[PDB]
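We begin with a single chain expressed as structure tokens, specifically the form solved without ligand PHU.
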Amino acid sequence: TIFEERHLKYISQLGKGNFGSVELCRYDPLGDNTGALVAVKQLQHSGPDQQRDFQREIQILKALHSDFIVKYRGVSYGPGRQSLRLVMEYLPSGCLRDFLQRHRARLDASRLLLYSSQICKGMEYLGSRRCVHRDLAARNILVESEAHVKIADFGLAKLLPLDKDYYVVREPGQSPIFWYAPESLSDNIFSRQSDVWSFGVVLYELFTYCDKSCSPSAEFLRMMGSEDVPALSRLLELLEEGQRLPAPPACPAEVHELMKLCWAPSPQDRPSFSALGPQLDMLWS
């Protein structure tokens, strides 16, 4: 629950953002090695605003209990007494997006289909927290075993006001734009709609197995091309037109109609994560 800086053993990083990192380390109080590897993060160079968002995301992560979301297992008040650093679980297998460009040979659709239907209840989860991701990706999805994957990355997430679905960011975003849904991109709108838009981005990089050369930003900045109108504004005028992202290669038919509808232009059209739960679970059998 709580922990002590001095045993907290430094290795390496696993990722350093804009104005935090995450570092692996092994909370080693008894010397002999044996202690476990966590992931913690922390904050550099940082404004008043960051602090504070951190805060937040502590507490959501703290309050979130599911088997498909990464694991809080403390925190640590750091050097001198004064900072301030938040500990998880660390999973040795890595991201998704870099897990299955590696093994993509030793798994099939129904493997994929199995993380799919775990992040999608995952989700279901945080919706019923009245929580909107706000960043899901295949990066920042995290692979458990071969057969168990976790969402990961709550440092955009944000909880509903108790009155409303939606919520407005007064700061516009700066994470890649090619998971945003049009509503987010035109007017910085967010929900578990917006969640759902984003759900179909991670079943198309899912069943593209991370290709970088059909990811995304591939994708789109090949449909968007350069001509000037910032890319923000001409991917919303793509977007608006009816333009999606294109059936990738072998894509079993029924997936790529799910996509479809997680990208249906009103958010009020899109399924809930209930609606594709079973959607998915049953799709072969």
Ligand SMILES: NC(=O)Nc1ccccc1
Second form
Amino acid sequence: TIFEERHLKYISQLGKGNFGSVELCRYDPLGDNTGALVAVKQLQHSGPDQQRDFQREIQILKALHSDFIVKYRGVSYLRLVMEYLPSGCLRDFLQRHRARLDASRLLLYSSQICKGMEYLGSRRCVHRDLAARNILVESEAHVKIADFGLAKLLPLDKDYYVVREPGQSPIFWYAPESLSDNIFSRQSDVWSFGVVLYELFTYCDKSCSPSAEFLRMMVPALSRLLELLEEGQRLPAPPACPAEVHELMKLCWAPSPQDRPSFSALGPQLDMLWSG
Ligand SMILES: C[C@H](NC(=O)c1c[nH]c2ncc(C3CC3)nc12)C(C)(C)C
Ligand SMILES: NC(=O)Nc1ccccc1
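What would you give as the form solved in complex with ligand PHU, now that the form solved without ligand PHU is on the page?
Let's see the whole complex now, leading with the same chain.
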């Protein structure tokens, strides 16, 4: 669980976001290039706010044990060591393998993401940044939730979180209560999950992406988006989307957070659709 920095060999950049980077490294204590590959997250900001957030991120991921959550491996002293999943993010996987993945497969991914989120909720963890770009592909038939950089643990007596600073994620995954009042909860995660369902069933095609649809539907973008959503406007059924899948999307997009189904309620429904 403790990795020596001298043994972590830099290979390439895997991603960035906020004030951290993820690097592909080889953990190579023999120094002969035979060591295993790992993904390593580090900060680039000395600011105590970020460092405290990163410390919290590590504690959260360390305590998460799920087949559907990216595996914590350890730390180096400053760096968070995780498993490396070469298939990359689901967003890119969907775009690339579009012609191989049928509706059953998409429903399988949906079910696995749902189960991870059900576990996350059981730990009082709000993810806050659920999106296909933050889901990793373990194999053809196995996805895992990643990117816990914005994740928060809910106090025992409170089921929601209010953030001071404005969000920095693409605005089309945010629940209306997050857009308007910076309110995040397990139910705003459900809203975002609705958008993930949309991404899955569009195969993250750019031309019908959440952004592309908003520019079509048409004063600040965030205010406009809030208005559209308040009016009851929603993303359209993806091309060839099963009706039942689209219905579940719309339920995830219930305007009031209390009217959205829970992940535990969504799970059996997705399993039923996958079997059917
Ligand atoms: C860069 C982040 N990646 C990670 O934290 C990762 C943890 N293990 C990984 N394995 C592969 C990848 C390829 C997609 C680059 N990313 C990660 C994010 C979740 C946003 C894709
Ligand atoms: N949840 C949802 O429907 N979001 C949305 C609506 C219109 C345009 C872009 C995104």
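Positions refer to the first chain, counted from 1. Between two forms, the rigid core is the largest collection of C-alphas that superpose within 1.5 Å.
Taking the core as reference between these two forms, the lone member of 271, 277, 17, 265 whose Cα moves by 2 Å or more is 17. Core-superposed comparison between these two forms: the C-alpha position of residue 249 differs by less than 2 Å.
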